[PDB]
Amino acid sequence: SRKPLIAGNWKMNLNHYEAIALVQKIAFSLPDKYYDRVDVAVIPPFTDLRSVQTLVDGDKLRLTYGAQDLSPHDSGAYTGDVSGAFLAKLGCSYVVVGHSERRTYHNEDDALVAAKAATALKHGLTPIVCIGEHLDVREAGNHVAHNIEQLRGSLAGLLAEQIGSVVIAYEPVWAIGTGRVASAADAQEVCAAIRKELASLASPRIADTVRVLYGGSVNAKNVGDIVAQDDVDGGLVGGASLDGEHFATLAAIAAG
C-alpha cells in the first residue's frame, strides 16, 4: 500500500517568525509514532524556507518541507523568480507546480507546468503537479475526460521513471467559491481515473507507486473519508495547515 501524505500549503501566509512558531507547534503536537504511518510536509512561502530548514535539520524533525512554485529555468535574468537549484540547497523535498491560483492569477498553462515539473525533477525535487476542472466543465458532466487531458498536458514529455517521481494533486476547482461541495466519492472517481492514465503514460507498476492527493477543502471532519478512498493517498491542505494543532490532527487521522 501507498503511505499517506499530508502536505500543508500555507499559500501567501506567515512571516519567518510565524513559520518558526508553526513548525515548532506541529512538532510539539504530533506524537512521533504517527510518522511511521503518514508522511507530513509543510509548504511555506519562499522567504520562510531557510528558517524551516534550520529547525528541521537542527532538531532532526521527521516532517519534510517544500516550496509553492519555481522557475522553468535554472538561473539567469529572471528578476523576481526562484530556481529549483535554490530550493534543493535549502533541503526542500517538494515543490508545488500548477496550483489553480497560479493558473488563474499568473496564466500558467499545462505546457508551463510540464516544464516546471521537469525542472523540479532535474534538481531532485518532488513536484506536486496540480490539476482540476472548473464549474462549467463539472456541470457538463465532464468529471474525468477534462482532467485526463490536463494530466496528459501537465506531464507532457516526462519519462516513465520521472512520472514515478511526481505527486499529483486533484483540485476540484468547481468547488472553489461556487457553493458546491466535493464528496470523498467525487475525489475517488477522479483519482482512480488519474491513476489509470498514469499506468498508460508510465506503467501499471509505476502508477501503483504514485501518490495522488486530494486538494479540495480538507479539515478534521472530512480527512478520514478522503484518505479512506482506494485511489486517494492524502491531501494538499489549505487553511487548516496554518493551525499547528489542527494540522497535527489531520496527520493523526490520516495515519490511523
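Numbering follows the first chain given and starts at 1. Residues that one form lacks are left out of the comparison. In this text, the rigid core denotes the largest set of C-alpha atoms whose superposition between the two forms falls within 1.5 Å. What changes on going to the form deposited in another entry:
Lining up the core between these two forms shows that one residue from 73, 134, 180, 123 moves its Cα 2 Å or more, and that residue is 180. When the two forms are fitted on their rigid core, the residues between these two forms that move as a run of three or more, each C-alpha shifted by 2 Å or more, fall solely in 174-181.
Please give the other form, namely the form deposited in another entry, since only the form deposited in one PDB entry has been shown so far.
A lone chain is what you will see next.
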C-alpha cells in the first residue's frame, strides 16, 4: 500500500512572516493522530524557505516542505536560478518540476523537466513531476496517450530506482484554478495509465511504490472521492493550500 500525500503548492503567494502564520495555522488545525496516516507538505516560494525550515525544525513539526522549481545545474553562472543543493541544505523534502505554469510561461519542455528531475534526485530531493493535457486533447479523446507520452519524456534518462524515488502529479490543465475538477473516474483513468507506464519504465514492484497525485481544483467536497481511487495517492493542492484550516481538512480526509 501507498501512504497518501497532500502537498500544498502556494505558487507566488505569501511573504516570509505570512508563511510562518500559515504553517502555524496548519500545525494547530490538524490533530497529531493524522500524520501516521497521511504525509503533509507545504511548498512555499523560495524566499520563504528559511523561515519555514527554522519553524518546522525548531518546533519539531511533522509537516514537511519543498520548493516550486530548481535549476538543472548544481551551481555557477545562472543569475536568478536556485540550486537543488540550496534546497537540500534547507531540509526540503520535495521539489516541483514541470508545473504547467512553468511549461507555459517559462518554456520548459519535457527534456528540461527530465533534467530537473535528475538534478533533484542528485541532491536527495523528491521531485514532484507534473504532467497534464490541454482541453482540446481531452476533447479529441486523446488524454491517456498524451499523458503517457509526456510522462515518458519527462522521466527520460532516469533509471528504474530513480523512478522509484519520484512522485508524479496529474494536473489536467483545464482543472487548474478553474473550479472544474476532474471527476474521480477521470482522475483514476489517467493515474492508472501512469502507473502502468511506470511499471514498464521501471518494474511492476517499483511502480506500485510510486505516489501519483491528482491536482486541479481539489477541495473538501471532492478530495475524498478522488483519493479513494485505486491509483490516486493524494493531491497537489493549489488555492486551497493558502487557508490553513481548509488545507488541514484536506489532509484529514485523505488520511481516512
